[PDB]
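Could you build the full structure based on these sequences and the hints that come with them?
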Amino acid sequence: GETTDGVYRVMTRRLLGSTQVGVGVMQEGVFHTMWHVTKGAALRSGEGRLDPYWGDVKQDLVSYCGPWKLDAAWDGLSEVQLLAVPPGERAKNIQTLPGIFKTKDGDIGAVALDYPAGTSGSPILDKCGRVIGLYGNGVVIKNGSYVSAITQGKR
Amino acid sequence: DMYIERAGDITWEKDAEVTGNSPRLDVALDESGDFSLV
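Line order of the protein sequences matches chains A and B. Counting from 1 along the first sequence, just add 270 to a position and that's the residue number in our numbering. Counting from 1 along the second sequence, just add 4 to a position and that's the residue number in our numbering.
Simulated from the structure, these hints should not be mistaken for laboratory data. Built from N, CA and C at the ideal position, the CB exists for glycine as well. Be aware that a few hints might be false.
[Stated by the list, open to error] Derived PhoX-like pairs: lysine-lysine, alpha-carbon spacing no greater than 25 Å straight-line:
(1) A:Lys328 <-> A:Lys372
(2) A:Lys372 <-> A:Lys412
(3) B:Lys18 <-> A:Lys397
(4) A:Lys362 <-> A:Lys328
(5) A:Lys362 <-> B:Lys18
(6) A:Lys412 <-> A:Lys339
[What the hints assert, rightly or not] Ranges of calculated distance between the beta carbons of each label pair, as one might list FRET restraints:
(7) A:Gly358 <-> B:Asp30: 29 to 39 Å
(8) A:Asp341 <-> B:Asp38: 19 to 29 Å
(9) B:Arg28 <-> A:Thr273: 38 to 48 Å
Okay, here's the thing in structure tokens:
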């Protein structure tokens, strides 16, 4: 029933009450979130239904109503902003300089920000307002804090 | 039954709180999408 652009909370109608499981990005008529948020289950946008279109467990990404539309990436130098939408709190931009996930296949940006597990899927933005990845898949480091990869898909 | 609700615009804020460090970590990604330190 809605295809406007912006950031969205992903909610559930569970046993008794509602609960925010994650966050998503609606852009160009496609809803982008992380797989561990929806597990490939269809979503409701008012009176209209959003059916999964593409998904990958290893990438931990899922797109609804169309292919993955987000293609921007971190430049490896400038600061980014985590558009965190925590449960019960208004959307807030958290600026930070990403670290690096040095992997077998290359470097990936990573933000050392620790937020509730209902922020999963929150977009990470560059200086031009482009989504360079989603927040929610990462590691817990040697001390106990959380570091999220900047998880981006392919277009 | 899951559903979405709009939370705001996708915009860079000209006055955002800056926090968090920039750790460089050697990790590995397995077939199940899990990161692990090396």
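**Q.** Violations among the numbered hints, reported as their numbers in ascending order
**A.** Structure breaks hints 4, 6.
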